[PDB]
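Peer 1: The primary structure of each chain is shown beneath.
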Amino acid sequence: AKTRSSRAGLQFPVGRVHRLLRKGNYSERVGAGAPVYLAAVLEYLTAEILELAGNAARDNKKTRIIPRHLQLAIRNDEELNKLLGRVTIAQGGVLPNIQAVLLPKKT
Amino acid sequence: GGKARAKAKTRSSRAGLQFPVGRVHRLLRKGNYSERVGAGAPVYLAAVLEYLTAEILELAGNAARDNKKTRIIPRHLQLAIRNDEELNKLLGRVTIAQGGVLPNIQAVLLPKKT
Amino acid sequence: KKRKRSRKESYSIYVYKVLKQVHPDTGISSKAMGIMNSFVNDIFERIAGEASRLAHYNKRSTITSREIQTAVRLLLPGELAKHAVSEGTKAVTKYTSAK
Amino acid sequence: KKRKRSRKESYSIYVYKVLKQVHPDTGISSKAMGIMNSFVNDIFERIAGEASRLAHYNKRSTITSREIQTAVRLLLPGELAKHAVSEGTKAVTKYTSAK
Amino acid sequence: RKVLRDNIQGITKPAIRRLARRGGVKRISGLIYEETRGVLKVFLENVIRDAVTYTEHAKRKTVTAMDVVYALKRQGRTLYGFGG
Amino acid sequence: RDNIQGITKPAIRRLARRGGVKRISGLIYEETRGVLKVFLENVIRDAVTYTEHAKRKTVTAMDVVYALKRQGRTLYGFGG
Amino acid sequence: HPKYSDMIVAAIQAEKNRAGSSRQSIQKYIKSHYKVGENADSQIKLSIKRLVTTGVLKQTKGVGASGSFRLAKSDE
Ligand SMILES: [Ca+2]
Ligand SMILES: [Ca+2]
Ligand SMILES: [Ca+2]
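If you're matching them up, the sequences are chains C, G, H, D, F, B and o in order.
Residue numbers for the first sequence follow the entry's author numbering, beginning at 14 and rising by one.
Residue numbers for the second sequence follow the entry's author numbering, beginning at 7 and rising by one.
Residue numbers for the third sequence follow the entry's author numbering, beginning at 27 and rising by one.
Residue numbers for the fourth sequence follow the entry's author numbering, beginning at 27 and rising by one.
Residue numbers for the fifth sequence follow the entry's author numbering, beginning at 19 and rising by one.
Residue numbers for the sixth sequence follow the entry's author numbering, beginning at 23 and rising by one.
Residue numbers for the seventh sequence follow the entry's author numbering, beginning at 25 and rising by one.
Chain C extracted, bound-state conformation:
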């Protein structure tokens, strides 16, 4: 008896996902590929963010990822940003950005 995840080469719970699908009133019937595909995409997107967040944590000389790190990862990355366009990260802050005309004259 083995996990559908390990059968698909994944970390995310193929089984959990399949159940959430059935139980979420998206459709009457749910193909056996669906949760395998969906779980994998969720894993890919989680991983992408965790690479970046992680880097922005290393950058801060901090061993643990915190919301700021997530925010910096996401906001600094054209695509992640779009995807999370109307999303508000709690305790994330904003990217350092002072409009040009508000600085004094540089030399």
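Hints listed in this document are in silico derivations from the structure and should not be mistaken for laboratory results.
Please note that the accuracy of each hint is not assured.
Mimicking DSSO-like on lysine-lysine, the simulated pairs with C-alpha atoms at most 27 Å apart in a straight line are [unchecked claim]:
{"hint": "1", "chain 1": "H", "residue 1": "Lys-116", "chain 2": "H", "residue 2": "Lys-43"}
{"hint": "2", "chain 1": "C", "residue 1": "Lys-95", "chain 2": "B", "residue 2": "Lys-44"}
{"hint": "3", "chain 1": "C", "residue 1": "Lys-15", "chain 2": "D", "residue 2": "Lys-34"}
{"hint": "4", "chain 1": "C", "residue 1": "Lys-36", "chain 2": "D", "residue 2": "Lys-46"}
{"hint": "5", "chain 1": "H", "residue 1": "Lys-43", "chain 2": "G", "residue 2": "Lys-74"}
{"hint": "6", "chain 1": "D", "residue 1": "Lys-57", "chain 2": "C", "residue 2": "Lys-15"}
{"hint": "7", "chain 1": "F", "residue 1": "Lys-91", "chain 2": "F", "residue 2": "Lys-59"}
{"hint": "8", "chain 1": "D", "residue 1": "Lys-120", "chain 2": "C", "residue 2": "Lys-15"}
{"hint": "9", "chain 1": "D", "residue 1": "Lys-28", "chain 2": "F", "residue 2": "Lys-79"}
{"hint": "10", "chain 1": "B", "residue 1": "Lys-44", "chain 2": "D", "residue 2": "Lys-108"}
{"hint": "11", "chain 1": "H", "residue 1": "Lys-34", "chain 2": "D", "residue 2": "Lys-85"}
{"hint": "12", "chain 1": "H", "residue 1": "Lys-85", "chain 2": "C", "residue 2": "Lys-36"}
{"hint": "13", "chain 1": "F", "residue 1": "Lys-59", "chain 2": "F", "residue 2": "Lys-20"}
{"hint": "14", "chain 1": "F", "residue 1": "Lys-31", "chain 2": "G", "residue 2": "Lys-36"}
{"hint": "15", "chain 1": "G", "residue 1": "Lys-36", "chain 2": "H", "residue 2": "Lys-120"}
{"hint": "16", "chain 1": "G", "residue 1": "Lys-36", "chain 2": "B", "residue 2": "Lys-59"}
{"hint": "17", "chain 1": "o", "residue 1": "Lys-59", "chain 2": "G", "residue 2": "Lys-9"}
{"hint": "18", "chain 1": "H", "residue 1": "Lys-85", "chain 2": "D", "residue 2": "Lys-116"}
{"hint": "19", "chain 1": "o", "residue 1": "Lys-73", "chain 2": "o", "residue 2": "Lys-55"}
{"hint": "20", "chain 1": "C", "residue 1": "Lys-74", "chain 2": "D", "residue 2": "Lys-28"}
{"hint": "21", "chain 1": "D", "residue 1": "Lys-108", "chain 2": "B", "residue 2": "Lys-79"}
{"hint": "22", "chain 1": "G", "residue 1": "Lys-36", "chain 2": "H", "residue 2": "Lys-27"}
{"hint": "23", "chain 1": "G", "residue 1": "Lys-9", "chain 2": "H", "residue 2": "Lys-125"}
{"hint": "24", "chain 1": "B", "residue 1": "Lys-59", "chain 2": "G", "residue 2": "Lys-119"}
{"hint": "25", "chain 1": "H", "residue 1": "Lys-57", "chain 2": "G", "residue 2": "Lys-13"}
{"hint": "26", "chain 1": "D", "residue 1": "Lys-34", "chain 2": "C", "residue 2": "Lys-36"}
{"hint": "27", "chain 1": "H", "residue 1": "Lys-57", "chain 2": "D", "residue 2": "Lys-85"}
{"hint": "28", "chain 1": "D", "residue 1": "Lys-28", "chain 2": "C", "residue 2": "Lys-36"}
{"hint": "29", "chain 1": "D", "residue 1": "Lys-85", "chain 2": "D", "residue 2": "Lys-43"}
{"hint": "30", "chain 1": "D", "residue 1": "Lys-120", "chain 2": "D", "residue 2": "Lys-46"}
{"hint": "31", "chain 1": "F", "residue 1": "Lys-77", "chain 2": "H", "residue 2": "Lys-108"}
{"hint": "32", "chain 1": "G", "residue 1": "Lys-36", "chain 2": "C", "residue 2": "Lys-36"}
{"hint": "33", "chain 1": "H", "residue 1": "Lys-85", "chain 2": "D", "residue 2": "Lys-46"}
{"hint": "34", "chain 1": "H", "residue 1": "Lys-125", "chain 2": "G", "residue 2": "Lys-15"}
{"hint": "35", "chain 1": "C", "residue 1": "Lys-119", "chain 2": "F", "residue 2": "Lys-44"}
Computed Cβ-Cβ distance ranges for the label pairs, DEER-style [what the hints assert, rightly or not]:
{"hint": "36", "chain 1": "B", "residue 1": "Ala-83", "chain 2": "C", "residue 2": "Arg-32", "range": "46 to 54 Å"}
{"hint": "37", "chain 1": "F", "residue 1": "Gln-27", "chain 2": "G", "residue 2": "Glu-64", "range": "29 to 37 Å"}
{"hint": "38", "chain 1": "B", "residue 1": "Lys-77", "chain 2": "o", "residue 2": "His-25", "range": "48 to 56 Å"}
{"hint": "39", "chain 1": "o", "residue 1": "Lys-82", "chain 2": "C", "residue 2": "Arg-32", "range": "37 to 45 Å"}
C-beta atoms are modelled at their ideal positions from N, C-alpha and C, and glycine is treated no differently.
Given the coordinates of chain C, work out where chains G, H, D, F, B and o with the ligands should sit on it, guided by the hints.
Peer 2: Structure of chains G, H, D, F, B and o with the ligands alone, referenced to chain C:
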């Protein structure tokens, strides 16, 4: 046969409605909303759709009658809706095809009046 | 012999019915009818979805007229909400009272 | 001892597991993990929703991996979409042959 | 228990000035501060009304973080890091 | 194929009239053109994506309408 | 009125005779005090169709649709 009647009325009729209480109920079961659908739900819903549909037609139909027309057309609908604070809000992110816009010229652009 | 168009539903007969209530002498262009039809479908799907989330959020299997109402207070602005609820209530009360 | 707290699910372990695959020596705060949990839940509902509608727009009773895919193409930006489509496809192709 | 005070004023000038700092604002009209409060007020009305509705529908007498979250997502202002 | 120039100055002016605009810089007609292009790309992509998923070679009104809705620009009067 | 697995009990229980029990003599007795709707014959054959397959009623002799039944299951 000593009175076990077969009868045959339409749910809409009972609730006092033009909108199909049957159709609506069906669309609920079918439309991946929930496992189960109440007996009251589609009556209420149908009522609500009737209310809002009546409301607009009431207003558009006026808009036609002011234009000297007996047919309601998209403009009449677009007028009805955009000049009604509440409806406008409800249909804020909606485009009425062949509606056009409400006449509006920002004041600064109009010439100093003589 | 030709008989091939699909059979696609519409709310057009009820749009017309309700039309003959509010203004019995005036009619409606085809394009207007189809705006109306999108209109109903829009709001159906808006109300339903919220009511579907209300349920699912409150761990229930049943969309009831309680969810329709809650959705309606959520989805319509003040005065429309009021009359919509009011008309909703009335309709249901009248239907329990009939059969 | 009294009553033990009722089960609340989470993706936390699966986020952790992933985390260690990417940045082994990197860990993660309570609040951070809560954000990851929102994010996964977010994109579930997004993709599931789009797939629901795809199926329903095509008169299909079934959300298959096809729905999930098209959905992902509709919902993800370019480079993110591709890699998604790969890793999903990979992982079905593996699942299929491991029966 | 007790009906509440006139608190909207507790959204002080300092605080409003700090928030507009986070937003990259350098110089601030005098009139900004009261205008903000009105905006802030309308925001909270709009969310809380929706939240309280989710409360009221669940027949609970205590607004939950999820009520807020569901409302906020309804308002198009999706919030991560508090559930769902 | 450079049909974008088919979006003439006159047609662009007209649109902006209806937007209550009174006077128009010369640089706008190109700026408009780009914007208009980006909009269509985003709508058409999605539309065709619906087309390819129903395994058809002919884009339908519905395809458009379903895309427009995803894009938040819901459209009434073409089979909503 | 009572249910149709309430009605099917009353005919076979009360008298016990013709063709062990069979379809006409059940429907004659049943109509006298159920009070007949048009659906009587339709939901009396359906009541038999699921009562024969559950074990509440067991069949004596027949082929496909036709036959004759009893109340006490076979060997019990
Ligand atoms: Ca069902
Ligand atoms: Ca790495
Ligand atoms: Ca007959």
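Peer 1: Need the status of pair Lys-108 of chain D, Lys-79 of chain B: alpha-carbon distance at most 27 Å?
Peer 2: holds (23 Å)
Peer 1: Within a Cα-Cα threshold of 27 Å, do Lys-59 of chain B and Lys-119 of chain G meet the stated pairing?
Peer 2: violated (40 Å)
Peer 1: Checking one constraint from the list: CA of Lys-120 of chain D to CA of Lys-46 of chain D, max 27 Å. Satisfied?
Peer 2: holds (23 Å)
Peer 1: Does the structure keep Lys-91 of chain F and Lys-59 of chain F at a Cα separation of 27 Å or less?
Peer 2: The given pair, whose Cα atoms are some 19 Å apart, holds under the 27 Å limit.
Peer 1: Mind checking the alpha carbons of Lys-125 of chain H and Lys-15 of chain G for me, to see if they're no more than 27 Å apart?
Peer 2: holds (10 Å)
Peer 1: Decide if the proposed pair is consistent with the structure: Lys-74 of chain C and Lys-28 of chain D, CA atoms, cutoff 27 Å inclusive.
Peer 2: violated (43 Å)
Peer 1: When you check the alpha-carbon spacing of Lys-34 of chain D and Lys-36 of chain C, does it fall within 27 Å?
Peer 2: holds (16 Å)
Peer 1: Just tell me: holds or violated, for the beta carbon distance of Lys-82 of chain o and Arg-32 of chain C against 37 to 45 Å?
Peer 2: With a Cβ separation near 41 Å, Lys-82 of chain o and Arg-32 of chain C satisfy 37 to 45 Å, so the hint holds.
Peer 1: Taken at face value, is the distance from the CA of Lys-46 of chain D to the CA of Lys-36 of chain C at most 27 Å?
Peer 2: Cα-Cα ~31 Å, so violated.
Peer 1: Straight-line Cα separation of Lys-31 of chain F and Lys-36 of chain G no greater than 27 Å?
Peer 2: Violated: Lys-31 of chain F and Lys-36 of chain G sit about 54 Å apart, past 27 Å.
Peer 1: Given the hint of 29 to 37 Å, is the C-beta distance from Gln-27 of chain F to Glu-64 of chain G inside that range or not?
Peer 2: violated (45 Å)
Peer 1: Assess, step by step, whether the Cα of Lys-57 of chain H is no farther than 27 Å from the Cα of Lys-85 of chain D, and give holds or violated.
Peer 2: holds (25 Å)
In this structure, the earlier hints numbered 2, 4, 6, 10, 14, 16, 18, 20, 22, 24, 25, 28, 29, 33, 36, 37 are contradicted, and the remaining ones agree with it.
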